[PDB]
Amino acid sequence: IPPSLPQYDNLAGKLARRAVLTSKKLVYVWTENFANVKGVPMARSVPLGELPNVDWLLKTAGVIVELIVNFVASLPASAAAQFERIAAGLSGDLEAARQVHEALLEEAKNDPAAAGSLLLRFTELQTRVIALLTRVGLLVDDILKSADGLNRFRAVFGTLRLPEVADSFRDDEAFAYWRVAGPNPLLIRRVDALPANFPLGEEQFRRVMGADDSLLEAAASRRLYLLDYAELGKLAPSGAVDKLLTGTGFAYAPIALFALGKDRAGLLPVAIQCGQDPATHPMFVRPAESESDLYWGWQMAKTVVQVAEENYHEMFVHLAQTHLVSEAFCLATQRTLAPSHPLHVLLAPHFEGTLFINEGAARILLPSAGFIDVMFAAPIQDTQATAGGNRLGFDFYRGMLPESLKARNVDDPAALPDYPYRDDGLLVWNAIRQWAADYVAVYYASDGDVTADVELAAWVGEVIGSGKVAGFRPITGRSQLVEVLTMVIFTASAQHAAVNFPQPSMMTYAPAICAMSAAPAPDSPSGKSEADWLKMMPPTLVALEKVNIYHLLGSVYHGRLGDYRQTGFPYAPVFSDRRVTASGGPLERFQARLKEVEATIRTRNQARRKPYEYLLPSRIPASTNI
């Protein structure tokens, strides 16, 4: 039976669907008092049907067990004894659980008619792998209870290969390239006049870029780009923050200027101010290779920027603006769009695992003494409130990719050619938009169908009200609905992938990036030494948690954008409506467009300085689930 808008449903349908929604509202419940994320709309609890499926669980547990094995194997024999039996047990039990799944799948194939009798056993296996994860939790607690000068930062990897950044992190061009191809491609903006509190002069600029260049000429020819971390607020504490587990830590809200050469061959760092106030933060100017008395001050200044970057990327770009936005849309959808509504059918796959993983963020990562309290310099209460505040301030329309690019004046490939996130992101954004347009056109023939849809009206009301999604507004027509759906889907799939999956290759090595420093910002551009820079490096506990959590979060690829097939047993099609699924129809056209996009990105990557692969559709999950 094809999905329908409520106004066109037969009365049998209208009462069935309305009672189903009444039932949903008792199961999916809003709260703004969820532990460790106060003020952010969350599910009060994760319903049984929102627990992760066995496929996700086996994949996630597999990575976690690899990490445990790797950690135990890195220890000396005396220390390993405490954990070897427990690790061998988890490993063996995971393998047994894989075999139960494989036997169940073979059993279902041998008699599909009788496959309905297996559902309690599939849920039993779900319960079992979750219980295995609870045992991991206890083991992690025990490990933490027993917790060139950079050897310790290689040691925490065990036998995992160090990422490429471990070799290249001191390079100026690599540092600049993070701004357009790194985990946070959203902050960089064109600058036309410098902020008043960033007093970089013409002479300093020419010192770096040459006597025949100038600030005026660079600005006017669209060659100046600024990173300004002012929005970090309390994520950049005033001074020292002392904590039990990690001792004394610092973080920062710096300002950095980047410039293209006249040939636009690549972005270069020009100057860094390590805080917002120039009276207390001197200007650091990119040194020449011969200026050994400026070298270490500059390394320290870049490290200040990278400290700011992990804070901004992880709390705002990753947690606040993907995970915590998709939380609200998941809830609104389940509470207000009936399962027989075509938009429920379309959107539900894009929220698979979202409630579960976000509850995990709040319960595991955000409490006092948890991962974020260790890895991020600010007091945990400030981290929670600042990340929460960023989620509440995030404007849904202004946050749309095209709008973001235009507002930052980075949307013109002629002015800023090497910006992989922009170029690949637009291909994916536009493919999703055409899909949303085709799908909306099946079910909505007029703007009247949009405004007379009482469920959609209620959905918008919940997104604005209980969901606290800033910038969201009444939906009065088909074009607008298409833009909204494009943003919801892109946010859940591609945006998350772009900022989540760089974690293993770019964020696992603490000297290249860390959300806390063990020393204040460099007090002077000149006279610094390697020892002064090493003092910024965090304690080893920070590095240990970092390598493991960031490897995990970027190693689970579950589901795929455009596949629209269940990701757990029985793996059935998401759509039944032949108007959607027909040969050459909307879904097939979307799937085909995604393959063209993939081919285009692969061609672009042959010509790029380094491949950018995070927005390859084959590497984009449909939902935010890790």
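Residue numbers count along the first chain shown, from 1. For clarity, a rigid core is taken as the largest C-alpha set superposing within 1.5 Å between two forms. What changes on going to the form deposited in another entry:
Regarding the hinge between rigid parts between these two forms, the matching entry from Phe371, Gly182, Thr60, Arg286 is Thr60. Of the two rigid parts of this chain, the smaller turns against the larger by 10 degrees between these two forms, per C-alpha superposition.
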The other form holds:
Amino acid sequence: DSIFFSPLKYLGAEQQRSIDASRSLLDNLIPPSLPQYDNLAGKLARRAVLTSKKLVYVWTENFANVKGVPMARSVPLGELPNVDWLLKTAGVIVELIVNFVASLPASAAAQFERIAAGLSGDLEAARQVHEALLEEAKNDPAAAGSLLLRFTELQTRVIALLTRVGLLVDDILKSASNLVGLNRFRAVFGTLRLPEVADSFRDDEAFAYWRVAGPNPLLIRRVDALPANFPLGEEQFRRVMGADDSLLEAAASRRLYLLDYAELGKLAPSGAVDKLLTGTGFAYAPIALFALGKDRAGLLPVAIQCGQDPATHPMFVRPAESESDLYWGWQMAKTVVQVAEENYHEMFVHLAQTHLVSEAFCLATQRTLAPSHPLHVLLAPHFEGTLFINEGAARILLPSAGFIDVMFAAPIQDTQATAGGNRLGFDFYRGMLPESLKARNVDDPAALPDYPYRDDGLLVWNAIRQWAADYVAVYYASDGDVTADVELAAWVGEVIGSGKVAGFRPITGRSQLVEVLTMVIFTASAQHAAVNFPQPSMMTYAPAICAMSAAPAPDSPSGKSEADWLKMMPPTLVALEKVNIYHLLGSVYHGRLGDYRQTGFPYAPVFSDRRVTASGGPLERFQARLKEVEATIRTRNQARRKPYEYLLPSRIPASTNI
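Please give the other form, namely the form deposited in another entry, since only the form deposited in one PDB entry has been shown so far.
This part shows the chain on its own.
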């Protein structure tokens, strides 16, 4: 063959992954610098590297199933998950496959059992190799550099295993689809225990507590006057809250809180949506009022309107225990709210506002901040696995007949467009935790005492903020250093432009830079954790929450039966997909906020700059503060009606990778 083919003959992806892994340890010995403080050789090299980065990290707004959302055109080799994440994730998926196959009719399970057994054995073998390599490294630290190649080869093996897992899952889903009171909603769990919510789901106080301690703590807002389209009367309010209370005094005393799902748009179809796989489905854009008692101990649900127009949707009011003719209509109205909730939570709060925001910051960072830029060094750990998991969301979860088409009532094209639109409209500054709390008038613990997301979230927000401030102060001596940084300027430009981050604006000083970095890091780590990790314990049991109902909203508060409510429950296929996807997505904890070490071998420090890593220095102070936050949250959870554990720093990954 031609002599110019010589370099291509033996070139392969594994070899290149090894090179990428070793080069990253080597590059990381370069002391970080702002471009204006770098020497000319450094300026030349960093500009060359950034130009090459743009070949690898490429924007598109036409990615499959997420049209209009800025995405990576493809995931670079160096952005594939490391073997630690691959093993964890493969472990969970294989466990779930084995569990599901065990519940299938024996004849239909025979071949899947054998294949699943083989995959489980291969996974165990891979785990054993991982353990043996780690042991080798501990026993001979001097050989760590050469052992890295064996970890890269193990990565190849686990990638191959997960490819085989993918083929099996596709076959199992087809078989399941052909095959498939409340017993069926327990049966889909197989060997898995029901989540805690299965015990409490019909309780009204539990239902209200979701608004401040559930997967979507962002929608609830204080109201000073009821909306014109929510015509609840004084008599209705007194029936629930007492003869000596009133709407006027509850409003004035900051005791009224509203959930209004108007923003769902096409995620709340106007009527029935018939699909071949799942039959007739419905979802809703309801309005619900909650109130604190005069002692402010906790929220109670007061009233629910199952749609936006009161002319066509009657008012459901919380019934007394004796009012058996109102009991089931009320359960149905709460189900309407929970259906809206899964749509709002998963498509907006989780997918659009964590995952799809962090996608843009990852791409901008890699394309415009040199690897030797201190902000690249800081931010990159917070995007580990983000491009990969988001390509997975688009390719695997969002196509026709996939998990989201099954589990969410709307037509899949409407779901995609509405989630994408929500991402495009999400204002970066307004979406900051403190701004969100203030805008919704839920920031004052005197007004609303029990709001665990706020109280724990602010501890984590403020810890990150002080870290960002300390870190910025190491590199930027003044606002002039901020505006003179041409890489930061390009980064801001890419975030505004190609990244389509609403509300993003030029960064002109250190205080603003700190706020921006706080939000980027918080969004990647804590916010994602708070809205992702409740999935297994709160969202796996369909009668407590599901993004589709098999029946319309109740047409009357009076006269409904248990049968009427049961008709809202989803088909078994929806319940099966739900338990499995939500167990998976909340069962992989990879990396930890504040650790700042590689999450794969050789687990090296992220930071080489002695000013950052000094004893008692910025990083140590951040880590110490997170440990104080952990203690404070653990103490709070001893006093709370139920523990809220999603913002414990020990359970917050550094990045959005699941």
